[PDB]
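Work out the full structure: start from the sequences and follow the hints.
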Amino acid sequence: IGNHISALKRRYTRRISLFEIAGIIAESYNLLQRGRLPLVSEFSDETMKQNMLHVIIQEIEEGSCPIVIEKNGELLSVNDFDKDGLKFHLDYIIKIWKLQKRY
Amino acid sequence: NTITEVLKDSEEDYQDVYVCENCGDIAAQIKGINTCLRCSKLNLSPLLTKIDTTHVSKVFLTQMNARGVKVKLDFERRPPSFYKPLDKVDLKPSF
Amino acid sequence: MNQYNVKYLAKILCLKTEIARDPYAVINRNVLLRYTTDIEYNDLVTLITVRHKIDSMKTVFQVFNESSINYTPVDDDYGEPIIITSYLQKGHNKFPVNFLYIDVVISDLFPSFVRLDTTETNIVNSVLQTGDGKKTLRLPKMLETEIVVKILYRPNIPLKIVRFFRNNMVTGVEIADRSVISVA
Amino acid sequence: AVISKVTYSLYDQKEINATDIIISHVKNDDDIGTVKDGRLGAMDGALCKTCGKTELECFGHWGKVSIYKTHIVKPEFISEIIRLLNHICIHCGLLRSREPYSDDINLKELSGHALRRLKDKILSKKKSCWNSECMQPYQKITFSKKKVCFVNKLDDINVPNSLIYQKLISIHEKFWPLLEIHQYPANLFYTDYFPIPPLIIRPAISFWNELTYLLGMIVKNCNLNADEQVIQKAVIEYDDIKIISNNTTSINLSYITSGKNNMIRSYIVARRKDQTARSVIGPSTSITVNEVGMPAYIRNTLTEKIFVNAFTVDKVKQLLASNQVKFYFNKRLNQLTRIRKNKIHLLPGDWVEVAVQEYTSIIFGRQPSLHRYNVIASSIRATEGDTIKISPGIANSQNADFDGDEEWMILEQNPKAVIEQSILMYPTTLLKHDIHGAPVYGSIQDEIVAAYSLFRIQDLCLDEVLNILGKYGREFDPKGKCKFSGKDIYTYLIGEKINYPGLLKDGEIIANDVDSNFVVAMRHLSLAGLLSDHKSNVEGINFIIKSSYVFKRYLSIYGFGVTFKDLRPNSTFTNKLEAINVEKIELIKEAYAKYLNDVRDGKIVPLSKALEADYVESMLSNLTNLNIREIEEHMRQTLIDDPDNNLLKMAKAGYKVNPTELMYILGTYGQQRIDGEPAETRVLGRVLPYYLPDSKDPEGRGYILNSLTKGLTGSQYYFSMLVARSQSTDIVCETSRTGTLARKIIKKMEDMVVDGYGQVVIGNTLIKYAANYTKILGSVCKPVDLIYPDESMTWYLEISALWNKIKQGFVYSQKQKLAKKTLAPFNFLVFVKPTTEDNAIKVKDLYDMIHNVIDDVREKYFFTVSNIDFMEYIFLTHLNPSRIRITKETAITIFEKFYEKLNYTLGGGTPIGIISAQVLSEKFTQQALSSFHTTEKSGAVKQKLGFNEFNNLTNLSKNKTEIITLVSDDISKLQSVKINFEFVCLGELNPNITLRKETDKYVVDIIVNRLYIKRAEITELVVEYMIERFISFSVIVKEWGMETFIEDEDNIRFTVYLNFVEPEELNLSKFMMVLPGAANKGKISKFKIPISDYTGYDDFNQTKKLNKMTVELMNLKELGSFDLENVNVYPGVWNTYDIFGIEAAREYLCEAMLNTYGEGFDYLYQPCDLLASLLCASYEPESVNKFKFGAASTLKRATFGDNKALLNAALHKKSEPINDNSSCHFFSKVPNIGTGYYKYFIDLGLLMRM
RNA sequence: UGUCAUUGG
DNA sequence: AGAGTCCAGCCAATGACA
DNA sequence: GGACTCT
Ligand SMILES: [Mg+2]
Ligand SMILES: [Zn+2]
Ligand SMILES: [Zn+2]
Ligand SMILES: [Zn+2]
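Chains A, B, C and D are the protein sequences, given in the same order.
The first sequence begins at 3 in the working numbering and counts up by one.
The second sequence begins at 1273 in the working numbering and counts up by one.
The third sequence begins at 6 in the working numbering and counts up by one.
The fourth sequence begins at 22 in the working numbering and counts up by one.
There's no promise every hint is true.
Unchecked claim - Quick partial rundown of chain A residues pointing at chain D, CB under 10 Å, derived from the structure:
| # | residue |
| --- | --- |
| 1 | 24 |
| 2 | 66 |
| 3 | 67 |
| 4 | 68 |
| 5 | 70 |
| 6 | 71 |
| 7 | 72 |
| 8 | 95 |
| 9 | 99 |
| 10 | 102 |
Unchecked claim - Listing some non-contacts, in silico: residues in chain D with all C-beta distances to chain B over 12 Å:
| # | residue |
| --- | --- |
| 11 | 81 |
| 12 | 398 |
| 13 | 494 |
| 14 | 604 |
| 15 | 697 |
| 16 | 1131 |
Don't read these hints as lab results, they were simulated from the structure.
No residue lacks a Cβ here, since even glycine has one placed at the ideal position from N, Cα and C.
Here is the structure:
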């Protein structure tokens, strides 16, 4: 039954909130701002003609975001969380970034 | 991260400062070699770790050393961790 | 021990009788609706007869002062003398005189508590595990010299976690746990 | 690279002597070997001789000065040495008992309190030393603050430090667990050398050092022919002058850890910053709540960072070609260059700094930062003037007016900080309040009346509607209508077909009027709150922006102004109320004079002064209520005569006009209260010389008959100014106390966060199993109506079973209150649509859905350790088919939203402790500065309300009396305690005491009145027993004899015959002086014990009449002699802990801290519980002033304020990990709060794969 | 570089 | 039972003075 | 001025 509680808590670990996605976006944005290579598909010079937040969000939904977050003793990628939670928070973040005229 | 970058010293005011892991004070560069004077007088050769702290933190630690309180910092030699793939988890309810 | 502070002890000994017939029962003042006391008061030994209402089971407690203890087992006895001590002492049958200044079981400040069984203790211990390695959270603490630990006592079941059912103005009942730590 | 833990210790002599820099000279022709040495660090204008580095790269080096044959004591551990001297003899070195030294004890293996059994035995024997060659008496050596040596106090002799040194190094190592020693005690002294600190803590002061001068006064005594006392005094006044003196302002070492202005509190958790600004604020209508207007001088001075990378290298090259770049930072050479043509090569990692552009997030705020809505981060817009133009919609969030308030700005252009400012501190993210969920932004004064009059408007054209709508009239749909109303404008403004009980139905407002509860910030009926409960905070922020635009366009078209003619159009009503007041107050004066003359001629017995004051208080309160009713009838008659009165319009809209303020203007000003009572009588029994001596005029005690329209007279202006200046003095005296308690609570609660499993923890202790009782954010959680079980409900059996499970806690406040609201996990009422019974979901299928969802949630989200039967009760009573039918897709929508709120809203790292602490602190600060809690006096002793009661609760002081409440169904058990405990003396019975001398006896007649005995609620035998007890136990009475005569049914004569102890005349006068007071009974207190009664709840449907009683009482011991069976007893906090335990103490602290805020603040229950569960997290209640049982680090205790924290950590050799905010800010670490709650790695696999 | 006086939110 | 010790909101702005 | 602690 302790194994069942451990399984329930491992399933609870996959919840994503605004703090985790804001930290993941901030880490990847700080690394890309100082000169790390953008890990997107269709790597060209045209990808350096768009802004960097589009590159960060494209890295997130393409499954190639390099940032690994350590939560509850586990190591999670941004695609190991709940997909609906990632979509729910990224829709809000893209809305408020479009209000800020930065996306 | 915002309150960390606010409360810490500016990124323009950065310099490589080394601390002694045994006695806790700032290492010195004699003629290019990072040494600890207190441990080279005591016939040691301990680890010197690069630290990024504020200048007021070092002034506070040196003044507490002047009062007699030795402050010694320990550092994390973390075991190297490896990312492994995880199973699919869907948190949507079942109706 | 006087003629007033033995009725409050009788209300305590209903809860001790309920624990003696079921160690995993929920103890509050509603337990007092299932029992009936009879007090024979004397300045050497006070006999308190607690009777279960539906099962007609009787339990006779012999209440003494801390100085003069003349204990021989009567029939239907609890098995151990109840001693009213002057100060808070370590022991499930040793109630200090401050516990019996007022009527404590009928009060609104009297808690509602259980001893957890092995299933609930394992669930609590696996919930407290932080997931990272062998690290664990701690429950808040409670001293062993407390009236809850004295009521919940069983001779070969060690009491480590007590679950409290707190009153909550917005949700009704809230679940908390305390860990019982040692004294002397 | 990552600092884990910090170890504090003491320097031993081999580390002090480990130096090649010997300081020897005081003054010199060349400073070599002096204290201002060039190898002790680089000074101003010289390289360091040890390292070759300049002042900004040399961190300084240590020196040593030789003390020749002296043992200099370390000055702050002196007390510890004093403690170590109360354990040993000084002629020998042995301990004060034989049991440490015997071969039967084996000191390495005993655990627990067995080590502490022996030590008070060591501190009990102080007669003489026990060994055969030392039987000297145990001395009590004290440090003499007068002259600097250690001094014996049996006889004043200086004990030298070389003997305390020998006797403290004589103690063996395996007796250190006894005497609390963790290192060599020779580390408590400087035995052969003294360390000279580096120059970096004492730089060259330049304006046109103190520690350098103190070290020079040390080295001026460091000679071989020099006493250890003068060197000890120099060392002490260099380190800590307050050891031997009582003067401040000396710059010593302790100056960095002295009080509020110490180093950590001033320069580590707070600092002065670059890229900052400060300016006066003004409003702006072209600025939304998401924006801020920046003046031109700020954006012409402040700079923003553009990093060099593959994305922005063309923009940086373009800005360098056009001379728009102000600074350039080269990261690889690590240097900044100001551009005033040079050569600059742009590598990735470098940056440039240009002028700050629009839509950059600035962090701006107002001071004092009482709660987190003071400091937000919004987008820069270019505006005019020199003022920072904020929106008015954020103004109530920051407690801001535009009457001269200043606000500050800071620009933090770090990319992690840029992302956190863009997401977490954006005002759209902070729309809902984090405790009670109401919107933080909204409308203010004029827009409230604009909202009211816009709802009330009728019969508009399409062009008038489009003129009101303005730029939002683009997508307005006229369906087929040609005439419109303001309800159609509101239906367009809301734009959602949502329902809410009492407010909305299919988007239309079904309320009668739109008032301030609809549009003002932090209200429970906000339409923006419902629109953001429906979809998201973007929809609520859009409704707030669009609503403010439309209300200001209504004000532009139609206008709003209040004239003098709306208040006082003529003299008719004010003349009528003036005549009414001058009739009724003369009626009051004649009735009071008739009572006074009936007392004076003797036709009735007089009342007590408290009851007389209560009777006059009731008559004047009746006159005040008559004025209130006249004002209300005038308001009704004016709005039915002139229905367009603007003053009554802003009264009906809900802004600041009520009948009491209109009574102050047009009616009467009332009775002026100071400390709950009228103004006290001074010299000659009066307040002012405008009244006769001992004047019974109630107008001369502070009752004002005039109003502001008539104008106050001189005495009335005195009493009004007395109340005003008293309020000003009280808020000035209370501001600093509220700030101190706010800082204490914030530092205690700030490390309490929500962990990754939804639990509330601090350190490694679980405080709560579920955050906010729901594991959902508190801004999402909705206080919904609690519906008691009725037998007309569908599944009355299941609903009544759940109510029997959770019905405790819904009857609270000593059974006086029944709960009317509970906590729905989210606002599901906006998703409920009514439906006819043919299209509705089936009834059993709805129960199966509710039961299956609640069981699945209880398993998967709460881990089967939390009781969430309140959620099932809410979903069973609010979705009950007996009152509402819903479709199947409505239920699916509701429970999918339930799972969305359980899955996405609450996250680990949420700073729930500091948010709750800031909300509690902001509320008691607002109530203290607003004078919200009026003092009022009553007969019984009551629990106080307000900040001083909250501070007494969090102080947890022990040796104080507590208010102990006794509730009983029968009044006999309360009467038996009330008779014995209530203080009644003979003098308060108003006796007639006269004595006369007689041969053999002095006889004293005490003629008491029987109505006075009945007013005291005692009998004549009680008075006889009081006098008999005092005379039979007194020392000054030698013989006595008492008799009781009957004089009337109005008089009882207690006759005493007496002979006093010689000297009998002085004892006669002392007896006659102390007789009316000392003949008494009961516990002495200023409060009486009246037996109250009320209606208490057993449940929602069954009540009972209960009798109440309150006693000020220290212990609970003296209650133990009474028949207190079937009596509820509610003591204070320490008696509840000592009887019932730690959980009942936690519960008492919760409800008592909640009760100090007053009526209408139930949302502060969840913060207060979070505070109480912190004070009762150990086995004992712990205050907010100290750290006793909670594991707090040394930097946490030093940041909290504890000057000997690092010294006690160095004595006990503490090694503590760095996990708290105060320890993370010291070492420049990211705190474990929010986004810093998680560790972040980078997976270099996909980069190395290609 | 700190005190004192006055003032602001 | 009585003295010692430490504590008393935040952020400002001018001028005079040592 | 006022609360906690040692004496
Ligand atoms: Mg203002
Ligand atoms: Zn070293
Ligand atoms: Zn140097
Ligand atoms: Zn001796």
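Now the hints, each set against the structure:
Contact between residue 24 (chain A) and chain D, as hinted, is supported at the beta carbon level, the nearest pair being about 5 Å apart and thus within 10 Å. Among the interface hints, the one on residue 66 (chain A) holds; its C-beta lies about 6 Å from the nearest C-beta in chain D, closer than the 10 Å criterion. With its C-beta approaching chain D no nearer than about 9 Å, residue 67 (chain A) sits inside the 10 Å limit, and its interface hint holds. Satisfaction of the interface hint for residue 68 (chain A) is found here, the shortest Cβ-Cβ separation to chain D being roughly 5 Å, below the 10 Å cut-off.
Residue-level restraint check for residue 70 (chain A) holds (minimum Cβ-Cβ distance to chain D is 4 Å; threshold 10 Å). About 5 Å separates the beta-carbon of residue 71 (chain A) from the nearest beta-carbon of chain D, less than 10 Å, and the hint is met. Annotation: residue 72 (chain A) was flagged as interfacial toward chain D, and the flag holds, the nearest CB pair being 4 Å apart, inside 10 Å. Interface hint at residue 95 (chain A): satisfied, since its Cβ lies 6 Å from the closest Cβ of chain D, which is below the 10 Å cut-off.
Interface restraint check: residue 99 (chain A) against chain D, minimum CB-CB distance 7 Å, threshold 10 Å, status holds. At its closest, the beta carbon of residue 102 (chain A) sits 6 Å from a beta carbon of chain D; the interface hint therefore holds under the 10 Å criterion. Separation of residue 81 (chain D) from chain B is inadequate, the least Cβ-Cβ distance of about 7 Å not exceeding the 12 Å criterion. At roughly 8 Å, the least C-beta separation between residue 398 (chain D) and chain B is not larger than 12 Å, which violates its mark as non-interface.
Residue 494 (chain D), annotated as away from the interface, keeps every beta carbon of chain B farther than 12 Å; the closest lies near 40 Å. For residue 604 (chain D), the non-interface assignment is confirmed: its Cβ lies about 67 Å from the closest Cβ of chain B, beyond the 12 Å cut-off. A cut-off of 12 Å between C-beta atoms confirms that residue 697 (chain D) is not in contact with chain B; the least separation is 45 Å. Residue 1131 (chain D), annotated as away from the interface, keeps every beta carbon of chain B farther than 12 Å; the closest lies near 47 Å.
Hint check: violations occur at hints 11 and 12; the rest are consistent with the structure.
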